[PDB]
Structures are given as C-alpha cells and as structure tokens.
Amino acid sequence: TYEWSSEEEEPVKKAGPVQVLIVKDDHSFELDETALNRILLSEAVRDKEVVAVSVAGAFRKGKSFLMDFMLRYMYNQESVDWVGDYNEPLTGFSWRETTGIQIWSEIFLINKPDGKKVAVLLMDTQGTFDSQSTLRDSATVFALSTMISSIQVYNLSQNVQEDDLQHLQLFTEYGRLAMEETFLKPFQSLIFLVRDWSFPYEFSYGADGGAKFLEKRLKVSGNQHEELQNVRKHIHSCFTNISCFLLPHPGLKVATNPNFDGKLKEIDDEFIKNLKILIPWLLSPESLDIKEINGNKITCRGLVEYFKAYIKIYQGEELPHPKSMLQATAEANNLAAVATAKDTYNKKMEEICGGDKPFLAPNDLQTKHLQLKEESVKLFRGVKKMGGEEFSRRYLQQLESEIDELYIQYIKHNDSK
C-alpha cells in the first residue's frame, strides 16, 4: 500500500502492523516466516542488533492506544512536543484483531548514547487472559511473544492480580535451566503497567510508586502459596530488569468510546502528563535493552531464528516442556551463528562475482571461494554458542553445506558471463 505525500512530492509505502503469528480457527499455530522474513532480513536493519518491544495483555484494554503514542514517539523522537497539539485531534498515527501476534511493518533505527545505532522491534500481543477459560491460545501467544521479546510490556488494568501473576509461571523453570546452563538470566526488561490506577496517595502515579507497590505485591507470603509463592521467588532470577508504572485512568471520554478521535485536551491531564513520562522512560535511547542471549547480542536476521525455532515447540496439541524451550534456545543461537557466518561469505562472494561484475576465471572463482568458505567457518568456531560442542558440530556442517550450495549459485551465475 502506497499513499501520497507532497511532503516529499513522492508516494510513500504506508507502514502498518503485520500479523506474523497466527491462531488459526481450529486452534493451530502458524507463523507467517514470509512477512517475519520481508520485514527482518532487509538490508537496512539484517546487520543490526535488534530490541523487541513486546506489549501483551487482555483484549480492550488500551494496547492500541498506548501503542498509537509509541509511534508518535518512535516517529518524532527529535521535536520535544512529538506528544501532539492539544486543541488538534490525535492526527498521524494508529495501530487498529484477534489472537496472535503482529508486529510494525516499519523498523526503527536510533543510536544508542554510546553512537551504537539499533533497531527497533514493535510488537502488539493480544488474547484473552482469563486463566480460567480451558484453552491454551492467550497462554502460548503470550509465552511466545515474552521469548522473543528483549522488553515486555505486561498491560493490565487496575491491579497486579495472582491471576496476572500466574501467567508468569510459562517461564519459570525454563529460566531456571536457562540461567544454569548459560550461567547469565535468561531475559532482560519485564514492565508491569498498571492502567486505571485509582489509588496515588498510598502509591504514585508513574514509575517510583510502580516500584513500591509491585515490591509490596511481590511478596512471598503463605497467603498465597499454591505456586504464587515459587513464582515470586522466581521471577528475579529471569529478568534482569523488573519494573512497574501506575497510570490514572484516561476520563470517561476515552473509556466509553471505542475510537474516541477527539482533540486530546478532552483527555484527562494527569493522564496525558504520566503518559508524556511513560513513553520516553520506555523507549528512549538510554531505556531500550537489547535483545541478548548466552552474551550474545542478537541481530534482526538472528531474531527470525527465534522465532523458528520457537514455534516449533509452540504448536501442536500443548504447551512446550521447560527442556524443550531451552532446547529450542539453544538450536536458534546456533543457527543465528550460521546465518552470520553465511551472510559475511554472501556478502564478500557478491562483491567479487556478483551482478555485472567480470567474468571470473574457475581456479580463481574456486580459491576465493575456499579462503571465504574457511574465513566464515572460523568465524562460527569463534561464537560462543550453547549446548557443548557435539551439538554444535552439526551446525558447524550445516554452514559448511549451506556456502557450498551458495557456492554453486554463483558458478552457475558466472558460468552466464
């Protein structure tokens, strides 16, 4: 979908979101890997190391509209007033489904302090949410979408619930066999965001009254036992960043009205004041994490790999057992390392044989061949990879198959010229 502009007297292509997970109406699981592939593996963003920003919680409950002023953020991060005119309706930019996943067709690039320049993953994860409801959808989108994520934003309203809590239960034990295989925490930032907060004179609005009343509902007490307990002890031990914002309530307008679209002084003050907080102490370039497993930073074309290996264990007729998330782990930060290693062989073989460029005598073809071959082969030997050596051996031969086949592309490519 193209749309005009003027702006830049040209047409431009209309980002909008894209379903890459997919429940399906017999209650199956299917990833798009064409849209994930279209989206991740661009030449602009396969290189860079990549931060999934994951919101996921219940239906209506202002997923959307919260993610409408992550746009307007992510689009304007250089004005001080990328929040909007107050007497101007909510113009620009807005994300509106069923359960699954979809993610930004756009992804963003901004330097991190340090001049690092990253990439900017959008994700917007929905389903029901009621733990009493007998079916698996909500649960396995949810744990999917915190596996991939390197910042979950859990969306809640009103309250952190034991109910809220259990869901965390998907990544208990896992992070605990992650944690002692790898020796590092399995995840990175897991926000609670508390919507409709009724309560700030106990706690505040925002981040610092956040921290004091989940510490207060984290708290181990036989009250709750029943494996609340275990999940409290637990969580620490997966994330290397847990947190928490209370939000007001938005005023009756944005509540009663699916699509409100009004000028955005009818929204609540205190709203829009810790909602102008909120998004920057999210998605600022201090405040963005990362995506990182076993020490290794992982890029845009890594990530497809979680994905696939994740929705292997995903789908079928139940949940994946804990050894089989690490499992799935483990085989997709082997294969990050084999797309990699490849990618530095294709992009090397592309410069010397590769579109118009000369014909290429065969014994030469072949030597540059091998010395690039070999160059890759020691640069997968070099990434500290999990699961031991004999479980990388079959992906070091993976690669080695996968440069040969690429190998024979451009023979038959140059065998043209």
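Numbering follows the first chain given and starts at 1. Think of the rigid core as the biggest set of C-alphas that the two forms share within 1.5 Å after superposition. Compared with the form deposited in another entry:
346 is the only residue from 346, 166, 77, 105 whose Cα shifts by 2 Å or more between the two forms, the rigid core being superposed.
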Second form
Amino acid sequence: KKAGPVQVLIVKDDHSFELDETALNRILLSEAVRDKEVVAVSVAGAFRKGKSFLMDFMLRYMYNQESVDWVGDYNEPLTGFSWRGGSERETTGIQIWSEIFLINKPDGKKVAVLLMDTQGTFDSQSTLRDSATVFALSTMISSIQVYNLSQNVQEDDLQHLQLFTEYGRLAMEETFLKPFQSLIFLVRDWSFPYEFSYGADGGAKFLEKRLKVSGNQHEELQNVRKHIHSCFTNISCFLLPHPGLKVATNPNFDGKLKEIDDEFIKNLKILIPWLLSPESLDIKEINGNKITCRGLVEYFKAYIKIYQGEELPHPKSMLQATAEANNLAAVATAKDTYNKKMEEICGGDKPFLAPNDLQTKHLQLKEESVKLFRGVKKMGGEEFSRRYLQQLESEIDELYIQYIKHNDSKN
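Alt. form deposited in another entry, vs. the form deposited in one PDB entry above:
Partners and other molecules omitted; one chain follows.
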C-alpha cells in the first residue's frame, strides 16, 4: 500500500548477513524506475543519534519540492511518512524507502533517488565488524554517504573509515579512477558556533582542522588522513545545531514544530536541499559508468556474498566482488541495447520480417552489442570478463528465440 521503510539487508545473530532480495527487487526492479540512472543517498551512524528524525525531513522535502514550507505548519505536530515506523527493535542493517523518487537534474535527465538508512552500533569489535560491514556495504553502494556523528568527528569516528582506505587504494590502482563518490560529515549537536559556524561554510573549515594529519597524536589514523582524500571524489562537512531540549530528552518526539529550536530549523532548512536539491544529486557511478537501478541491484547481490561469517573480506575479495557486479551490469546494458534496438525492427507487433532477414539483423546487432560490451571498462580483467561474455551471448540467443516466436506471427 502506502510507502514505508523496508528492511532489505539484515545482520543475523549468527554473524551472517542476509539480503532480502525479493524486497530489493520490488523496489528497484519495478518497471517505472528500473531503467533510470540512480542516486543512492545513505545515512549511517550510531543508534539513537537522530538519524530517522533527520530522515523524516528528508521525506517531507521529497514529497514537497514545490512548497517553500515543506518543513511543515509550525502549530501542527510533525506528520507524514515515517522511517521510525515501529520503534526499535533496533538491529544492525540497512533500510531503504519503499518508494523510489523521480527527479529532473538541471540538464533534463530523469533520475531515481534511493534513500538508505544504515543502523549499526560502533562499540565492541564483534559488534563493530557487523557495523563496519554494514557501513562498508552502505558506502560501497551509496553515491552519497552522510556520516551522522554526534558532537565532533572523533578519532574513533575516523576509525571506521580504515576498511575503505585499504580497498580504495587497491581499487584506485586497478581502475585508475577514485573509487568512491561523496562522503559527508554531519556533525549533530554543534556547540561552538563561535569556533566554526553552523552549516556547510564552517563545517568545511572544521573538517579541515579535524582531517589535517599530524597532531602527532594520531597513530594509524595517520594512514586514514593520508589517503582518505584520494579515495573519495568529494568530502564535505555540515555543522548542525541542537534541536532544543524537548526533542533531545524525549523518544518518539510528538511535539509541534514551534517546540524545535529556531536555529535548528533555520539550518535544517538549508541542509536537506543541500543533500537532495536537484543540482546537488550525484548519480552513482563506478569506474566511470553511470549506474542504473537494475544495475545497482547487481552490486547488492555481489557484495552480500562477501560478508559471510565473522571474518571480514580482504580488499582483494571486495575488489573481485566489484568486478562481478561491474561485469554483470555491462551485460544488462549491452543486452538492453540489443533488446530495445531489436524491438523496433522485430516490432512490438508489426511488421512481418523474412526469416533470413531476421537472421542477418540479429547477428549483426549481436556482434555489435557484444562490441559495446567489450567497450565498457571491466574491473576484473579479460579472462575474468570472458565468462560473462558468454552469458551475454547466451542471454541474447534466448531473446532472439523469443523474437522468432513473435516474428513467426505473419501468415
């Protein structure tokens, strides 16, 4: 029925990660949105840090682009669809919004925006692994990762980034492109507007001090500061102020808007567009290929097989995963091209085509669609690629078959 948060990936108590593929397919494989280039916005962070709360206002904005006052009526309590849904009942894992959002970039492109909520605990390793895995995945998939910290970017906050740098540096060498898109530090209750101002301007001078290496204090947090900037195309920071005390000292805050502090609402109002304004949306791209919702479904499947058991994958294994998904996505794109181009000539209905003619069109469009497959960059390497080549040839042969059926409907 109506939209709500659907728990697509969950961490099992046995330390294994189960991905509800079916729900993922309902959402991203729907015909309306399947073929759209995709923006994947994820918020990740500790439990009980104001994530859902924020993500509300992200929905309020998405369902109300037109409004100047999407934030809502001040004398009315906050209402609308809710990420908090059933109160937690909190478990490490990833939630996505049941409704994908369709939006036009300034250049007329109709993109799909996917909202991810990433919940995990960050305290004990047997509990960090899962979190760092959920975090890994979350970041791997997302085009935009907003990292939701409480009061400051702390060393332990920067620690969870360690897992990427190893994999980044590796991916970077093999692809010759930086591996991740945008990472955003969202500092939650900033209390030094006199040291750095709230919002992006100020958030950025803050992040520059915090990320600068060689307090001499840091240890192998040096390694992260050293390489963090090479792994991410862009890294930014937003200083968000305290919601006021009615919001902080209450669970499932049911108050009216006026209850929320003014400077929190002031700044919340620039923040959300900042992240999800049409100009600000960043299309997910791996290797320099833009990714399709269908395409994105491949990367889920691939990365999930990797994080099985307590042991975490080595960059090398992750890398190989990215190769699978990257290769698969090329198949779908090339097969889509063949399929859609064939549909004109063969016809959704009409008109008649002589058997030998269908033959000659098919194999040229098959050879040429295979060429496009070869054209796209492949993570793994030709040898690794070649197994997928066959798959594409085989998937096209079965599409050919289906098209002789249709063709052979002219008496």
